[PDB]
Amino acid sequence: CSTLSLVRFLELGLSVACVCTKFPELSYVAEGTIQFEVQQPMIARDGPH
Amino acid sequence: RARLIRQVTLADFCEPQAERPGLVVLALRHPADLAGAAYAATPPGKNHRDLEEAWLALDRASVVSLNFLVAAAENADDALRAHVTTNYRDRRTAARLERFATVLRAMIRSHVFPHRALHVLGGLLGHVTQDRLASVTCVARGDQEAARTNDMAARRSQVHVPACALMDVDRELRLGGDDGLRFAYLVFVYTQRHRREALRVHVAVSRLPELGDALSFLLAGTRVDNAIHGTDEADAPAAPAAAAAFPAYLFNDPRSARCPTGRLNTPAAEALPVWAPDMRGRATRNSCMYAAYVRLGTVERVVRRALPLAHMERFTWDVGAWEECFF
Amino acid sequence: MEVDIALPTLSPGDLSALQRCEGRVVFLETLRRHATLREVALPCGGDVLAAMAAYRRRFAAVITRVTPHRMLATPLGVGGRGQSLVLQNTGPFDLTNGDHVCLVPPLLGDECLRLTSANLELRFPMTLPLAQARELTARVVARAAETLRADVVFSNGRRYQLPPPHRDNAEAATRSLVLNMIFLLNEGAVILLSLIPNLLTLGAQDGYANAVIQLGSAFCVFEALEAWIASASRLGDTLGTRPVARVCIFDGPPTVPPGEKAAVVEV
Amino acid sequence: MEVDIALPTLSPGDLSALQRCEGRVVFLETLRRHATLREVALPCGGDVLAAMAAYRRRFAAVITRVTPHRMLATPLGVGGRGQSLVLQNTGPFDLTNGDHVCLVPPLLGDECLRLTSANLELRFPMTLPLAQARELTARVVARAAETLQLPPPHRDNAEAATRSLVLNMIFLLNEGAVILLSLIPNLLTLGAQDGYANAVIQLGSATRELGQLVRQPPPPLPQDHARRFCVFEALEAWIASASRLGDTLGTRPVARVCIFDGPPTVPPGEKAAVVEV
Amino acid sequence: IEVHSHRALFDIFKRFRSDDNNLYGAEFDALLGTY
Amino acid sequence: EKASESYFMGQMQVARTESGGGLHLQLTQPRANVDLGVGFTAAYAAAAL
Amino acid sequence: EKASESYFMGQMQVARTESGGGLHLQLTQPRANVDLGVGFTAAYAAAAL
Amino acid sequence: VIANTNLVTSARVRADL
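Residue numbers (full-length UniProt numbering), protein chains in the order written: chain Y, 51 to 99; chain W, 24 to 82, 94 to 340, 348 to 368; chain S, 1 to 149, 157 to 225, 248 to 296; chain C, 1 to 148, 168 to 296; chain P, 16 to 50; chain Z, 1036 to 1084; chain X, 1036 to 1084; chain G, 297 to 305, 338 to 345.
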């Protein structure tokens, strides 16, 4: 016979790239947008803006 | 579920113990009316009683397995001939196959085409046999494996078609398409050259709902060499008279000879031009008949695997009406 | 889906006579749950063309068992997974197991159920296999073609003689069909010959064939063309030749002679 | 068997309009269960004949449920003759009960759906009764044959339409066609005795003109005519051909309507429950 | 039906908590630094 | 990157459909993602040939 | 009239079925009635236009 | 965690590094 050596995702190395969080109701609330912005830094230049 | 047909008959052409279940069977017309309709159907010049003789040379028996019919045609791979010959139990079988070949070749010669002599039933699944008398049972609608065979090794079945005859179309025509659900068509190929003619069988699958132009191009050589050698043995007259040219210049002539109705027997109306449409020996439609097809159902997949065969995949039986292919 | 029909109280014996046609087909007008003997009825003798144009605008239905109070029926085009139903044969010749059944008006001497009790009349169409149905009409019109200026069908060994004209009310019931079917064909012929005039001068053995083959591969005439296309499509559509049944007789003799019932599955 | 059509991210102002499409048919090339929307796509108007021919190679599919994620559609006809469903009436004419319907490409290229969220348009065809689809197909094929709401032709695939027409016509001539033709005067003489006889023959029928401008002799006796008869073969051939004319030039009747109680007609832009035949 | 948006995910470690100075009166003596 | 992509796992779904040759059990699961950091967070390297 | 017609209520039947959109119930109920009054117990009246 | 509008105001795996 032949076994099936299963693999776990978290135990891989790639897992460090993305963060995985279990959101259960996504399939329902995905009907619209979520639309969060992030940021941008800005240097304080001299002279009046 | 699916619904079935049972038809008691003779173990002449389909021999349900020799083959295992899962192969299409055909219903054969009573030959008396074929022999009769010949008397009025064979074209001029040809023989008008040769089908009578060809039938009398083969002496109810009603069904015929496609596995048997494909052997008695031009196209066939000799492995299947050997199988049918040495694997059928029955006496005198090869001789009968030869006679059946002669029958079909007579049928096309007499312009009573076999597609008007073989309605198609579903795939057989069961049978009980006496000595040379059987009662086959085939599906008629629904999918094949809704049935229940009394084998007890494989309750359900599939559909088996001799891979020698299965001609795919899409991958043939290179439509660039992607295999999804495809139709299934059983097609006949006629060829007409007096005393030198034959019949070719195929089983065609494709996504094309309307064959038409597809076969018209697929069988181009057959239509070509059939339209020209088909009118043979018909006495055509000499060069057509110039009076045969149907006059068109005279429709919107304001000044022209005219004749109201109600004075057309033999009055002083002889001044009308004569036109004799004279058609005697030209190619009629039955002269240019080259193929005929009929829809069988829908198919997922075809795999080839063993004598070579071709197992269907989720065949849904939906039989349609016959179709001519002449233009 | 099933429809019941309000049978008025007719009479003894003639109701028992209707109790013999428990497999005929009758055209409803609307899928519903309540009907009456008056609407499902046609005059006993009329032109085959109006009956044909009526059979395309209505809904078919088969007569099931009939209790003297009301009679049940089920349409054909719609069904649940294509169930089984028996269908009494009425044709002139038999149909064998594994055929396609059509419904054409009675081109031959008709049959008209004369309800002298209730002062109605019933007229049922005929059942034919497609092969012979496409040819019986042609035999009928061919017989009239010559009289405008032999007849044998063969079926399952035996042979029929196409009863002579006006053996019934008259042959007037099948005139308009003759006239249209000849006129439209003559039209197609003449228009085609006008479009390519020299078609009939080519060499009958070689030139004509080369034309018909190189064509298979790589008062305004055009108004007449449009009119002819329209009329030919309209007439070809209303000619039956579209099976609505397929006989599937299981556990029974492979042939059903004219008169007795048979188990058929709807397409 | 319900096919699945996925979507990309579209504008919230366009799903509100595409959701209003719940009865128009789409034309897929294959019938795998899962499928995309990019595959089923059509340019704007042009060459009504090309699309009419494309409506025979590809098979239809009615949509019933839309979601901003995917689209559930019904394979219209491949194996079913009783799938009672509903499709909206996007046709110009009004369809009563017991009418076989037919899909015809839209005219003038005026009515399409320019979807800017992904830069692709879907040209859902219109549904007409058979009786008027036949006249439309006839008019268009006549106009196409002429060139060796009024749209222009293409003249690249007019060759194909005129070809199919003249083939279906040339194989209508037969040794018995001449016998049936040698009776045209005998028919025209009947066109004056009876009123319906004049009725069945149209006004500009291009035969009642012929009927007086030539003469023809009795037809010469063909070969073997003591045994075979030809007029019956001719008539049978004509029945077999004309029974299949309206298809090879237009579209076959895809289904038919049926109601129980309400108003007979369903004016356009409305849902109608149909059986499938 | 003219879809809309929804409240967006905010990081678990979002600790604005500056209203503690800006509620009514700010106590700069030690409340800062934590900010 | 150390955490380049967010990622949400929905809830699995089953979908039965009766047939002739048995039963089809198409099983699906919806998922979502979005990047966060300003600028890019990944790159190519056409290393070998 | 007071009691021109009777009426009868039967048990309701729930018939579920599965589709790609999930579940689609279909409720139904059988019901019948019978004429009570001897002779006729109702009459039209075309009142206005 | 899904909150309403209410407001306030390890293992040892094998890998290559």
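FYI, nobody ran anything at the bench for these hints, they're computed from the structure.
There could be a bad hint or two in this list.
[What the hints assert, rightly or not] Some, not all, of what chain C presents toward chain W, calculated at C-beta under 8 Å:
| # | residue |
| --- | --- |
| 1 | 96 |
| 2 | 200 |
| 3 | 243 |
| 4 | 247 |
In this text, a Cβ means the ideal position worked out from N, Cα and C, and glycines have one as well.
How the hints compare with the structure:
1. 96: violated, 28 Å
2. 200: Holds, about 6 Å.
3. 243: At 4 Å from the nearest chain W Cβ, residue 243 of chain C passes the 8 Å test, so the hint holds.
4. 247: holds, 5 Å
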